[PDB]
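Here it is: the structure, laid out below.
All protein chains of the complex are present and in place, except for one that has been dropped.
Chain IDs A, B and C follow the sequence of writing; residue 1 opens each chain.
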Amino acid sequence: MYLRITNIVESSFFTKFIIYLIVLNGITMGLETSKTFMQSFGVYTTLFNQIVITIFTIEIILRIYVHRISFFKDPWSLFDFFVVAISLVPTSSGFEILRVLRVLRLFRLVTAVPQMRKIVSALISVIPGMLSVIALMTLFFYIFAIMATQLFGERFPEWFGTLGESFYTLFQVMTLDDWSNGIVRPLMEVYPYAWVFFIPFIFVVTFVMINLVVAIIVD
Amino acid sequence: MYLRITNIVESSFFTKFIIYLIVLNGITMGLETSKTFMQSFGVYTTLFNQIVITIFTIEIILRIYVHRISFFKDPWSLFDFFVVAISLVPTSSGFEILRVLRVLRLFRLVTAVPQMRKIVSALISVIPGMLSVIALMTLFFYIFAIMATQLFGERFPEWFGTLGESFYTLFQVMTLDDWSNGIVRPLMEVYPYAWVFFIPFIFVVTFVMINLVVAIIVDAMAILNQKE
Amino acid sequence: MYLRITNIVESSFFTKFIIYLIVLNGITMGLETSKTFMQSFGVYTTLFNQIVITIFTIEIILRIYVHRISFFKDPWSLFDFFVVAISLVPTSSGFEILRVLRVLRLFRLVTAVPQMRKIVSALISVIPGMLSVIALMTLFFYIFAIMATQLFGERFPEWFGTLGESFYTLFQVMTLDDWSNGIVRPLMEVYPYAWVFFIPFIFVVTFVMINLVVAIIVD
Partner (left out) sequence: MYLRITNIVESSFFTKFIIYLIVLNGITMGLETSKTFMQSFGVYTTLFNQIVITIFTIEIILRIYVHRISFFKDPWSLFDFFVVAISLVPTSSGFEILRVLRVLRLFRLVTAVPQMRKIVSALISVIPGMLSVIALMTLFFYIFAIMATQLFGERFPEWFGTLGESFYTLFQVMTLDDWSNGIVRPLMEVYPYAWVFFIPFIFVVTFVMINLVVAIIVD
């Protein structure tokens, strides 16, 4: 019976099945939004999700006594194991933040299609060489986030009242969200010189992300 | 009669005549925008529309009698057809939008003028060299558009009321438009943990698009070498 | 005498001398922008300006003697010409910009100095490569501008009232400057489908801009 179930799971049709059904829940989760549909077609939907989730649980189980060691030595499987388990945690308890986390099974659709796997890995390909740069960036912030909190955060706390408030803002500025009228002009009107912070900060921090796509296109 | 009309079509005149009308109608359309004009020199242009449309409607039939089966298997032709024909839509009734789609006719400057046709072909070449990632986004976007509506849109109705409003808002944040003060800071006053739906939804967005583009440079770069 | 006026001009002294006048008139006008400086030194500095032109005026007469027709067959020189053709014009009457166009002079730091010439004409040299596209956009821009203008200029005339409005507003959206909340959500208050003009327009324009750079990068 070991090899009967091995053919079962690894078949074209078990794939087409699970992929058809990832697609389906992914239209019903669409329609769940509709707060009218939830009156008209409400109940079909709520247990459709339980119907589909068990299938996935067994699809996960069927996969596991086949591969064994092999299964959890795959990132995409593990994430599927991770994702559908996230949904096995009950609707009650914990936080709602578990109810809405659930909808990460649509990433399952991604892992299910090998074309997505091909391209998604190209995207994760690129990351590590940037860990060099990436994790300096993550300190320039820390250093410069602190300077702000003490400098401003008395008078302008929403923005820099805090280690973490300074971060959220310095990010804000990094992306040049609405930093000009929104964030320095109002400061200078109290602390006239804080342009010696940000114009510098804006310089370092666009520079780096520029010499990021340069040295991204060498790999 | 075929090779007689097959001569009216291909002539250096007929293209220089059809094209030079496009320009001559652009100007014309650049003046249907003051009210001043439609007052004084109004019906003047009202029917100059009606002229340059007949000139095309016929022309498409001429090429259809030349190329025929060849005509509906070229993109640039199929466009001129569609775009002329959509102008054939009637002035009265219909929909007020179809009355405004007209100045798409000014796209035949692309289609007739040769150098503009070439760039378009260049520019449309990159498309499927990305079309996986184009999808990967709308899936990702989708999984993130629900997630928004069932979190925020209860309180914050305009921004995240529906699938629709969530997507559009989630686009806004992509261009990095007003996003922090304008959309998220507000979310933080009721929901201090929204910088977890967003500072990430950011990097992911701007990791991809950067790779979407280093692709464009790469696929376009990839074609250059390796021929030795 | 022709071959003295050739020698006076060609000297490595002459250039240094010209570049000295510019880089003074450069410093001098920084101080002209000030409010207080023109109280005190508004005597000398209104003098000094009128010399620096008188001299460059001579320089053009001589350099024309030297190269004759080769003068108005050279870009860089014509720029020196028309920039100085401006400053001559008397101080009062007509438009107030001709008295500000004065500062256009300072760009003689570029023409005069080789390696400013080179990197400037290195920039400009891609424009011929870009006609093939600027053409197309100004066709695209002009075309949406018409549609925008009829469709919205009735309820939103400060923004889409004429062509002019529509162009700048469309020029805005292209810089993703406050397009959404600023310009479009207000439009969705009255014309709900504007996300189908404004998004897609927004797509295309950036599309181009990327592929613009992906052939500037081969070129």
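Methods note: a contact is a pair of C-beta atoms (placed from the backbone, for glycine too) under 8 Å apart; a residue touches a chain by one contact, two chains touch by 3 or more.
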Relative to the complete complex, which of the depicted chains are touched by the chain excluded from display?
A, C
Touch criterion as defined above, residue of A:64, A:112 or A:202 at the omitted chain:
A:202
Would you mind spotting which of C:78, C:98, C:116 or C:208 touches the chain that isn't drawn?
C:116
Residue of C:44, C:82 or C:168 touching the missing chain in the full complex:
C:168
I need the residue numbers on chain A that touch the omitted chain, in ascending order.
132-133, 136, 139, 142-143, 146-147, 149-151, 162-163, 176, 178-182, 195, 199, 202, 207-208, 210-211, 214-215, 217
Tell me which stretches of chain C touch the chain missing from the display.
26, 29-30, 32-35, 97, 100, 103-104, 106-107, 109-110, 115-116, 119-120, 122-123, 126, 168, 171-172, 175-178, 182, 213, 216-217
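By our rule, only the chains that are shown with their structure count from here on.
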Centroid from C-alpha atoms only, then distance chain A to chain C, rounded to Å. What do you get?
44
Multi-partner residues of chain C (each touching 2 or more other chains):
178
